[PDB]
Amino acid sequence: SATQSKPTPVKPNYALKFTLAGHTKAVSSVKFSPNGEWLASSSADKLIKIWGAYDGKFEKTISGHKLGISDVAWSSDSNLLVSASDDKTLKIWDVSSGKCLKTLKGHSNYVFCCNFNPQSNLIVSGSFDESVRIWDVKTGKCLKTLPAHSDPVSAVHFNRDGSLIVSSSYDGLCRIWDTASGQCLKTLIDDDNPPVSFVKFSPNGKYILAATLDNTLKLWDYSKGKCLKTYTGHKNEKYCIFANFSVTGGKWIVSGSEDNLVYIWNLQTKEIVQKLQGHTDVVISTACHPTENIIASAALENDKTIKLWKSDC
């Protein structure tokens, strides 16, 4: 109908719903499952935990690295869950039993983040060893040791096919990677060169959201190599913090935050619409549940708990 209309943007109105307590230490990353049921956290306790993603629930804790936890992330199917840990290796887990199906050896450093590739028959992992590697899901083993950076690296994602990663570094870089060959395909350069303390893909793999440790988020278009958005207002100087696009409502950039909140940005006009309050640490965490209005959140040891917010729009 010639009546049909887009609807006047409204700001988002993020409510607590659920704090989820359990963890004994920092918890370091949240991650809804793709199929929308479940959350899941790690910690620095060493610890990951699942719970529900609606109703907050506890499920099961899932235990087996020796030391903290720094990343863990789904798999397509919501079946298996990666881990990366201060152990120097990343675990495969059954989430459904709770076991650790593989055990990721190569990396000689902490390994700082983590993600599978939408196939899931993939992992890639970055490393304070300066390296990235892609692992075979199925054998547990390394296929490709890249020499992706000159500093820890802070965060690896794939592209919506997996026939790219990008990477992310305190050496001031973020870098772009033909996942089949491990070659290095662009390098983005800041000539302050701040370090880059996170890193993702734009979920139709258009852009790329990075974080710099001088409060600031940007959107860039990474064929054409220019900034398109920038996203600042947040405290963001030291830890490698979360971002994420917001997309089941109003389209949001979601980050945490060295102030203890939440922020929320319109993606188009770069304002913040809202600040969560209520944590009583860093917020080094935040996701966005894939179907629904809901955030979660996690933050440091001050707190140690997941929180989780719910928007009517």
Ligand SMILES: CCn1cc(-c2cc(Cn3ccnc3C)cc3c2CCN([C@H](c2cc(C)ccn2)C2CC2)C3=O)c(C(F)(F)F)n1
The other form holds:
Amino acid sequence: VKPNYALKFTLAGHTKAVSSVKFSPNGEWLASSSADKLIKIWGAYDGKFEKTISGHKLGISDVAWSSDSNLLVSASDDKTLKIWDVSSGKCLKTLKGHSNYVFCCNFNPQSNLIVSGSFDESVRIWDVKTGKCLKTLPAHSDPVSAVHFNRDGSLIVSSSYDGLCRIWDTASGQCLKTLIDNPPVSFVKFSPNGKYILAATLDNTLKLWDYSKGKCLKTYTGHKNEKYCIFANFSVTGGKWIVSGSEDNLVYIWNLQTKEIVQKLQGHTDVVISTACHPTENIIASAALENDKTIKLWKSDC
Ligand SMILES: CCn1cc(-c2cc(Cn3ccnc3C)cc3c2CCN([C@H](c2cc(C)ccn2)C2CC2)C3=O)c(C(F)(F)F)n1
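Instead of the form deposited without the named molecule shown above, give the structure for the form deposited with the named molecule bound, please.
All chains and molecules follow, beginning with the one already shown.
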């Protein structure tokens, strides 16, 4: 079994590299952030441009949706995060505290909290309602490349250029495990069932780790990844795949269990820095850096 993702739409509008794309949890929208300091919202199914959201004073590295699809948070080189009301485009809150670029962000599933990671080597946990920083974790000794809550919000996983992946208790901020401890760990994400962690290292390697046992279960290679932090994903709407961007301008798709490459999606003209999987349909969004600046939507039968 192999998917057959085919290109359906190319979305143009950003004037610099696109940094992150994310589907809304209700499946209706794709949000994109860019070095051009803008967030753009597009229809997830037909790619139609919906709106531009502006306000950050420097480029944006990352965006994330609340579970009810009504809020976005963005992480910017202006050292803030901003919380946006998607319907109005208005900035509801500016989250101040980080002392260097904010690189990565995520709501918890409850969406009462935001987690952020920064070039200042800290992980911060923010109250969505008030905009106040609740906790600052001295999480790493180099820039934080990823922060992600698990499926019930009780855990946070972080990764860093210091070579480490750490798992944190949300409630207390205490470190439960140092899972990886070494080249930079450029990306980390919990699996949908929370039992595994997908971890990228800047040596052409993606690894599936059993979080409870602390053991690498699978290794995925083939893609080019020596420079950039690239978003990877568990695709679960059809076959069980691993999806990643790549510095050779392709989207890579692997069989999660066999580790074989099952598809490479060709079309982008620069580094594919971001991929995202639709919540209910076999749809992938990909986005590329400044020689391309587009977002592409792909569809598969499985
Ligand atoms: C501010 C506007 N902006 C930000 C980015 C952006 C976006 C992503 C994708 N990303 C966002 C959050 N999570 C993920 C996976 C990865 C990177 C970057 C630029 C920085 N770097 C490297 C780097 C990262 C770190 C942590 C430390 C040291 N170097 C640097 C190139 C060597 C990335 O890899 C872009 C752009 F154009 F590249 F898309 N524009």
